[PDB]
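Number of protein chains: 2
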Amino acid sequence: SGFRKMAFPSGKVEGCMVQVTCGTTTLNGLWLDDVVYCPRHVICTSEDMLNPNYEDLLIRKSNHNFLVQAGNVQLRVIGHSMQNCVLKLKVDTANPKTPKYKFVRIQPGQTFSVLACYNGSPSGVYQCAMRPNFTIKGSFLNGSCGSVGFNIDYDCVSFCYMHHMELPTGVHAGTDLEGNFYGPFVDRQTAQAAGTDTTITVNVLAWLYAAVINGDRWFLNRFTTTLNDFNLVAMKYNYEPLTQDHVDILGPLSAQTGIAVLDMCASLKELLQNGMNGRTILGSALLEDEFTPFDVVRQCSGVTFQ
Amino acid sequence: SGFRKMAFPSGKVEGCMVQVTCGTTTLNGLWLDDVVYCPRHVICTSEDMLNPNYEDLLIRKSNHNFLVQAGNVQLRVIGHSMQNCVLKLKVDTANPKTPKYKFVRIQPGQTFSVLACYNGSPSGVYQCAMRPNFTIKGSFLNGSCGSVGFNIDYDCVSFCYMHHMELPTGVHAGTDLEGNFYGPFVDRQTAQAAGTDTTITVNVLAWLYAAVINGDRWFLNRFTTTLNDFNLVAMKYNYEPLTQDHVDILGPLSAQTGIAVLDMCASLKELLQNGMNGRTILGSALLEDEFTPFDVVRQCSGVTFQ
Ligand SMILES: *CC(=O)[C@H](C[C@@H]1CCNC1=O)NC(=O)[C@H](CC1CCCCC1)NC(=O)[C@@H](NC(=O)OCc1ccccc1)[C@@H](C)OC(C)(C)C
Ligand SMILES: *CC(=O)[C@H](C[C@@H]1CCNC1=O)NC(=O)[C@H](CC1CCCCC1)NC(=O)[C@@H](NC(=O)OCc1ccccc1)[C@@H](C)OC(C)(C)C
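Sequence lines, in order, name chains A and A'. A prime marks a further copy of an entry chain. Going by the deposited numbering, the letters in the first sequence line up with residues 1 to 306, in that order. Going by the deposited numbering, the letters in the second sequence line up with residues 1 to 306, in that order.
Please note that the accuracy of each hint is not assured.
Said to hold, decoys possible - DSBU-like cross-link-like pairs, simulated, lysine-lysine; straight-line CA separation at most 30 Å: (1) A:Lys102 x A':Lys97; (2) A':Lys5 x A':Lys269; (3) A':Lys61 x A:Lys100; (4) A:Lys137 x A:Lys102; (5) A':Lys90 x A':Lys100; (6) A':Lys61 x A':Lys90; (7) A:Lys97 x A':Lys269; (8) A':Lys90 x A:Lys5.
Quick caveat, the hints were computed from the structure, so don't treat them as lab data.
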């Protein structure tokens with residue numbers, strides 16, 4: 001029993017974090033085999049951030065311009081290349097702590113753990129979702145760029161996020177591990193803004209199932225609804241449209257609790273129309289949307305990693 | 001910017017988790033140097049749980065009755081002893097991954113990270129507080145006992161919790177790493193209940209300071225209050241009394257934001273008396289009480305560990 005915003009164990013990723021210094025700029029890097037991945041704006045100076053041409057900035061650098069430190073050990077850079085907005089520093093030593101891993105670009109709505117890091121040293125771990133507007137609501141200070149987001153499946157670390165910048169509303173923007181930003185953002189310090197966000201409907205529904213699995217039924221009702229009539233109310237409350245795909249994904253949770261997906265939708269509709277009336281669900285007074293259907297099954301059933 | 005319920009990086013503790021099997025009972029253990037710590041009820045059978053005498057149960061066991069597995073490696077038990085409600089299995093191999101560590105018994109109100117584990121394999125990490133009634137609101141399934149709670153200071157892991165049982169309200173009870181339960185609970189399956197809980201006042205105040213550090217001021221007011229007049233309203237809303245000690249602890253946060261502690265108390269009083277009126281604080285529609293003053297400073301300033 002109980003339900004918490006749970007992150008994956010972070011040890012496999014802690015063994016990969018390093019410090020990268022070039023010029024006056026220091027940030028975090030990810031050391032896998034003999035390559036260190038980090039944000040390309042590490043080559044920018046205090047006047048290079050307004051509108052840089054990174055190809056032209058990179059051709060002017062030598063390998064010895066990059067200081068890479070793993071613990072109290074200098075790593076030696078023997079090559080470099082730019083891929084999109086990430087820089088790849090080839091070093092002469094393979095990381096002995098390299099886990100099994102993949103690079104994956106996730107869809108909005110999916111969740112991951114963030115290992116926040118400063119100067120190559122892990123600071124803390126928390127769970128995030130990619131919002132529909134391709135920002136993440138993180139917790140990041142100066143010097144956190146290069147920290148990564150990840151999922152773990154059995155023994156394999158699927159890296160999905162590298163942190164780059166903060167936007168004026170206090171939300172955060174970054175790339176996949178191949179240097180492609182999530183969303184329309186670019187790595188220069190010109191005016192950019194998040195864009196309007198929406199609530200991740202399928203996730204709110206998964207979390208209502210988590211509540212039922214854990215003992216709450218107070219929000220259920222005897223009604224049902226059709227997908228279209230649901231989506232009509234969802235649109236009004238700035239919720240994402242629920243697709244037939246989302247319905248099928250909620251299949252296992254529906255079958256374990258015996259509440260049909262559209263019946264749970266009728267419950268959400270009533271919660272949206274009437275509020276929660278001073279009641280809470282799983283310790284929350286808001287409809288929570290940063291648990292996927294997979295997250296709920298994982299935590300309400302006990303899946304481990306090795 | 002941003003504020004998240006952040007756990008400590010869990011790698012140092014993942015390297016210590018093991019599986020302990022005796023009879024038909026399997027749970028998690030903590031391997032530090034050449035000792036494995038685990039809950040003593042691992043020696044209980046399906047009819048030993050009603051009212052066991054553990055001393056009498058333990059004298060009847062031999063070393064070879066205990067199967068300890070670290071990864072795919074059998075560890076050999078060469079001795080055993082009971083300390084309060086924890087069993088200490090001396091094994092012939094020191095754990096090479098033993099971090100620097102301490103065993104500490106924490107006060108109600110303090111927070112820690114929990115590495116939830118099944119069969120010696122980490123499942124996830126989340127942040128918890130010791131509630132005033134000496135339970136924790138965890139996320140735990142069958143087979144999670146022996147999972148530990150911890151804090152990290154620089155390089156040192158301060159272990160403070162080992163999980164033992166769930167209580168009928170869905171909250172959780174366990175011991176410090178020397179086998180002493182938090183609260184009045186005992187490790188047998190007779191009727192026990194949590195006892196009424198209260199809100200951790202000093203922590204709610206620390207979290208209001210986190211909100212101000214991060215940009216919100218909407219809940220502030222021009223009023224002040226005295227400690228006694230505050231505590232008079234706090235008592236009505238089932239809040240813990242705020243002591244002069246709590247006031248001093250909130251000193252750094254008060255000085256960094258320029259809001260006197262008693263002025264922030266006057267703000268909390270108004271929030272308690274009037275509710276939040278459909279507004280949120282740091283993404284929450286409830287007054288959050290599982291961040292200590294230390295937690296806020298750590299996350300709003302960037303303290304790392306190595
Ligand atoms: C890499 C890092 O460690 C930091 C981490 C951020 C600082 C505070 N929280 C963070 O997540 N990243 C930066 O400071 C980053 C620097 C690079 C250098 C140039 C190429 C990309 C950014 N800058 C920002 O995050 C910056 N955001 C920003 O400029 O957004 C575009 C913009 C510009 C003007 C108006 C609107 C939008 C931050 C520091 O600036 C604000 C004011 C948005 C917080
Ligand atoms: C060690 C474990 O892996 C599990 C973990 C719990 C199971 C579900 N969530 C958990 O945190 N621990 C137990 O199952 C534990 C077994 C030991 C064996 C005897 C010595 C101490 C307990 N049992 C419980 O947690 C049990 N709680 C319980 O008996 O509380 C006392 C009580 C008895 C009767 C009435 C009221 C209170 C759970 C499994 O039983 C309830 C119904 C309270 C969930």
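Does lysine 5 of chain A lie within 30 Å of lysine 90 of chain A' when you go C-alpha to C-alpha? violated (35 Å)
Please verify whether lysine 102 of chain A and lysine 97 of chain A' have alpha carbons no more than 30 Å apart. Holds, because 26 Å separates the two Cα atoms, which is no more than 30 Å.
Given the hinted pair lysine 61 of chain A' and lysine 90 of chain A', is their Cα-Cα distance within 30 Å? Cα-Cα ~14 Å, so holds.
For a C-alpha distance cap of 30 Å, please report whether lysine 137 of chain A and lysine 102 of chain A respect it. Within the cut-off at roughly 24 Å; holds.
Hint check: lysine 97 of chain A vs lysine 269 of chain A', CA-CA at most 30 Å. Holds or violated? At roughly 51 Å apart (the allowed maximum being 30 Å), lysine 269 of chain A' and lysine 97 of chain A break the hint.
Has the given pair, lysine 5 of chain A' with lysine 269 of chain A', been kept, meaning a C-alpha gap of at most 30 Å? Status holds; Cα separation ~24 Å.
Restraint check for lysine 90 of chain A' with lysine 100 of chain A', where alpha carbons must lie at most 30 Å apart: holds (19 Å)
Within a Cα-Cα threshold of 30 Å, do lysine 61 of chain A' and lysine 100 of chain A meet the stated pairing? With Cα atoms ~41 Å apart, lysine 61 of chain A' and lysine 100 of chain A exceed 30 Å; violated.
Hint compliance for this structure: hints 3, 7 and 8 are not met, and every other hint is.
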